Amino acid sequence: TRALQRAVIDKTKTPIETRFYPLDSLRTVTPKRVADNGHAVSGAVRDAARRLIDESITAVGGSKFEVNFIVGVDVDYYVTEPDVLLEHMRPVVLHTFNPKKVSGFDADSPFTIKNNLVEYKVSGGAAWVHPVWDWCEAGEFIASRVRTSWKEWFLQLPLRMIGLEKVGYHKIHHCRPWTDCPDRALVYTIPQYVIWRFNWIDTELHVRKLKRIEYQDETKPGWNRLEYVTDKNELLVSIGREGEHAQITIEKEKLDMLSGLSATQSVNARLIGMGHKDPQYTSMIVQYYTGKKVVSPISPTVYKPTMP
Amino acid sequence: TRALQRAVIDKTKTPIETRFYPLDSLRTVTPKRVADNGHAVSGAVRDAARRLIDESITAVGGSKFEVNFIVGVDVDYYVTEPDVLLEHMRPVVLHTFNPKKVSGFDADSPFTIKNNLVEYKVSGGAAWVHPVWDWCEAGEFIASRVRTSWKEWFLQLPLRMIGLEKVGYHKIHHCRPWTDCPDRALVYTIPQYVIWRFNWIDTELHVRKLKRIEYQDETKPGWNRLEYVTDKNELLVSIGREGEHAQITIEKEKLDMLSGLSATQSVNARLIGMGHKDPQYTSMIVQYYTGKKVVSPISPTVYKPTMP
Amino acid sequence: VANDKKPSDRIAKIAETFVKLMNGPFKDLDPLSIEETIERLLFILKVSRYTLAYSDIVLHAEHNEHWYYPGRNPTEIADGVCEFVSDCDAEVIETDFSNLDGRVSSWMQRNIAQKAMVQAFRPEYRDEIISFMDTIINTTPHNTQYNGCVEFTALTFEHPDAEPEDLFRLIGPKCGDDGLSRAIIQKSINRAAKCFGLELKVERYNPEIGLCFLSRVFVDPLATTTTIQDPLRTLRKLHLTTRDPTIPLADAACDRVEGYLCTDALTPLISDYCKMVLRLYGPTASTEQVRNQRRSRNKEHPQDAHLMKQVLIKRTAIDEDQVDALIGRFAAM
Amino acid sequence: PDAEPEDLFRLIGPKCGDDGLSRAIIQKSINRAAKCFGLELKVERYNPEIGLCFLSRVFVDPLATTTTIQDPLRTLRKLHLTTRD
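Protein chains in written order, with PDB author numbering: chain B, 55 to 122, 156 to 395; chain C, 55 to 122, 156 to 395; chain M, 446 to 486, 533 to 629, 654 to 815, 829 to 861; chain X, 675 to 759.
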């Protein structure tokens, strides 16, 4: 339709490069394990991440605006949405929690997923109940709003009535540098420019807006599903019952071949055929196949004291 | 909503530091076993704890207000609620009973849980029937009231009618220093400041108020459930019938995989698959799975005499 | 041999404190013009234009003269060495690094030198200096910065309870691969090098064999400042000439002996060799103006003469009668 | 690798077919370049004692004189035999 050419003519692009030296020191960095042996601790990993970002920002020569340029470490709860951070159209670096497992032990703090929110319970610190804003999905371009004063809001009121909006663009990268804590990632951002967008027109580049993830599977109520990519170009799937500890990692191919079976006995026979003998694995696979729903109870928990 | 900004503007914070030297000697202390061999005795453990706290308070140079600064040892019964201790907004150190097991033998004194109260029966001393006030749960910040004279109560009456309250904050730590008596912990506290809080507004930091624990499982009536964390980042669950001695410790993962089964025969087969052969373990697991309720009787008990 | 041995978490604060103390009171700086850099003292020029100015401004300041000896005349070097040995009462230690430019790690390079340069220079020149450092990663000032960083680390490990400024105020003379330090951290220096990932060689000061510093031997630093070329390094190799084949042997030998006279005129077991070279290759050599107009020309206290003789004998472990026999053999040839 | 290509090429020394001259500072790195392209290279350090080989010509003392002669190594071992038809 002519709307495409209309929008294309309506470019209104104002790219800005405020001497934002690329943080190549942060980019293309070899993953490292913080802990000497055993496993690390949330404090240790946080300290290592802070040291890394601090030395990077010192090398680049720029400044930062630390929140308890823009830098944030394990502040998913403190930040209601990433849009508030992105609206400034400044470089942003995050040390977030984007797990590749539905549940289990995160670093040294166990975690589980109830509904679409993460029931995170740090070993040392307040328990966190926040969602995840779809950071590591495919795509490098994101759409976000821009800070505007209430006076500018009134000025645009007549202009936004039609459906015009001021949208900023950014470029994305993360690293996942810690092997002992794969559930955590080091997000990296770079703003590009700002334009005006019509609400009722599509975009070529399929730019997406960060959204809350929907872990729950509509086909398997009471269960949470997730899948990720592996070093060896393998597509693994992590599944587990919502708000509960158990989880399992399996290749999506085997899960696919299993899902269409008719008899649980056939499922068990096929599992036996592949050499999988661990009951903790086959039993969970069968449970997911049959979609068994169980009302997991809420019980008090006794954690450790932090050993600084 | 605007209530958030309203409360934020309503800070009314008055932090106080009365030369409260941090008790780093008590903090970050290697766990030790009091008894030379065999097992310790309640008197021995109490004496060791008293010695430790006394030498710490002597080293720091401060004083204390011992109750039969603030110090209390095995005074859970003597204190109806910890709020009475916290309202003074002074450092508080406790040697309490926060078991990681539903039941069994505590130190040298057997114990069991009926309803939400602990039927503690010391080998030497009066039997104690008191609840637990949720000390070791996740989080370091607590909300508690503050001592106020009846005249100040009348003064605030018009002010509290709207829903204003004076709330104190504290920082938390415990140690669990005795391996032979893991059910006991050495709580540590540090007051922070005082503010005014609206009743109908939430808090960012999810500060919690100490509350009585609910061990009973609504899904398994007549049973008590509990789970804790292990040195090796393992989440173990302790379960047992209420007001009764038996208990078992198991990984929450295996319990999860077991709970959703349909046939008790399948449960037994899976248990056999994992190499668990002790009938005392598998039988209890099956009993919990089927939710078998039994009216345990009340019978007289004959204890030992204390051997000082 | 590239290395990527990042330091520990604790050492980072020490390195940052050392960098800040190096910064001192010189917050802002400006680059030098191309003409000024050219008349100061391709590929060398582009880095030199900034590094020479940075050295002259920060490393040659009032509060950075305690350690940055590199950059002064040999008479000044001798005066500084004698002052330092008098201060330490002949209790000093020597550091000898092996391929420092080939062993400095990426973390050290990007957290000492890059940080110092960025803090010293103006913000508007950040991109150029950072690009030059990135090109370097994939000359003289780098070695001095590494030596200062290692000295600061050793001082921090020795006295962790003192203030960083007071700790750094004790930094002794340092010049590239060579430097001086207190002997009380002789054993702890190895652990500091292991933490950073560097290899360190240390030798206790011995008056019998003299003191080694900048390939210079102090015969008796307690009283006299007389100094000579290092005998251990040069005696075993002075008989062989490493000049390019295109130069005649006579011209290279003449230049070598002229330099030796300029630096080691009154040193035993070297003056005789130099004089015999001048006697033999001298007349057979070409014109000295010809070698002065030739590129390869630059490619090379009487009171304590007894003490210098004995110190050289101790350095070379040669008996006095053997020394006299060698001197007689050299002169009569 | 950090210099401009024009400035890099301005330093190209004399080259003539199978024979050429280059700076001695890239004596070892020339073999790796030939391996990358897939060519075989033979390199010899200049030695005034044995002269310099170039275009089957021997420079007796290139530092001072330009006197030059036929290559003795290639021709002496074969000059006694004639390869005419």
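If you're looking for bench data, these hints aren't it; they were derived computationally from the structure.
For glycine and all other residues, C-beta sits at the position ideal for the given N, C-alpha and C.
Errors might be hidden in some of the hints.
Derived pair list, reagent style DSS-like, types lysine-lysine, alpha-carbon separation capped at 30 angstroms [to be verified]: (1) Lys364(B) <-> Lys364(C); (2) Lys341(C) <-> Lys307(B); (3) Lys451(M) <-> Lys319(B); (4) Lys391(B) <-> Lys296(C); (5) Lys465(M) <-> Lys319(C); (6) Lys380(B) <-> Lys380(C); (7) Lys391(C) <-> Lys298(C); (8) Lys341(C) <-> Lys341(B); (9) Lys702(X) <-> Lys814(M); (10) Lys379(B) <-> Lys380(C); (11) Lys201(B) <-> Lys298(C); (12) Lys702(X) <-> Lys450(M); (13) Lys296(B) <-> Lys364(B); (14) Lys391(B) <-> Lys201(C); (15) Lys253(C) <-> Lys298(C); (16) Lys391(B) <-> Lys319(C); (17) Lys319(C) <-> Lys187(B); (18) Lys296(B) <-> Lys187(B); (19) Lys86(B) <-> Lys319(C); (20) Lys814(M) <-> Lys709(X); (21) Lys201(C) <-> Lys188(B); (22) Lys201(B) <-> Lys296(C); (23) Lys187(C) <-> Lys188(B); (24) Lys465(M) <-> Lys118(B); (25) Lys339(C) <-> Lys341(B).
Just a few of them, taken from the derived set where beta-carbon distance is under 8 angstroms, the chain B residues facing chain M [said to hold, decoys possible]: (26) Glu71; (27) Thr72; (28) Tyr75; (29) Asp101; (30) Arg105; (31) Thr112; (32) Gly115.
Hint check results:
| no. | hint | result |
| --- | --- | --- |
| 1 | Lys364(B) <-> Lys364(C) | 18 angstroms, holds |
| 2 | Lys341(C) <-> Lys307(B) | 21 angstroms, holds |
| 3 | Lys451(M) <-> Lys319(B) | 28 angstroms, holds |
| 4 | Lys391(B) <-> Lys296(C) | 19 angstroms, holds |
| 5 | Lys465(M) <-> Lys319(C) | 42 angstroms, violated |
| 6 | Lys380(B) <-> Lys380(C) | 23 angstroms, holds |
| 7 | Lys391(C) <-> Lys298(C) | 34 angstroms, violated |
| 8 | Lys341(C) <-> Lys341(B) | 23 angstroms, holds |
| 9 | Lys702(X) <-> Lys814(M) | 22 angstroms, holds |
| 10 | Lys379(B) <-> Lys380(C) | 24 angstroms, holds |
| 11 | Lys201(B) <-> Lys298(C) | 23 angstroms, holds |
| 12 | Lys702(X) <-> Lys450(M) | 29 angstroms, holds |
| 13 | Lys296(B) <-> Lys364(B) | 43 angstroms, violated |
| 14 | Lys391(B) <-> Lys201(C) | 25 angstroms, holds |
| 15 | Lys253(C) <-> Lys298(C) | 19 angstroms, holds |
| 16 | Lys391(B) <-> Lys319(C) | 11 angstroms, holds |
| 17 | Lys319(C) <-> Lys187(B) | 21 angstroms, holds |
| 18 | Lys296(B) <-> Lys187(B) | 21 angstroms, holds |
| 19 | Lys86(B) <-> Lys319(C) | 22 angstroms, holds |
| 20 | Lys814(M) <-> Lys709(X) | 34 angstroms, violated |
| 21 | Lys201(C) <-> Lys188(B) | 38 angstroms, violated |
| 22 | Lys201(B) <-> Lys296(C) | 23 angstroms, holds |
| 23 | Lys187(C) <-> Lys188(B) | 27 angstroms, holds |
| 24 | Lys465(M) <-> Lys118(B) | 19 angstroms, holds |
| 25 | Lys339(C) <-> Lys341(B) | 26 angstroms, holds |
| 26 | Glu71 | 12 angstroms, violated |
| 27 | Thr72 | 12 angstroms, violated |
| 28 | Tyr75 | 6 angstroms, holds |
| 29 | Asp101 | 6 angstroms, holds |
| 30 | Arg105 | 6 angstroms, holds |
| 31 | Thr112 | 6 angstroms, holds |
| 32 | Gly115 | 5 angstroms, holds |
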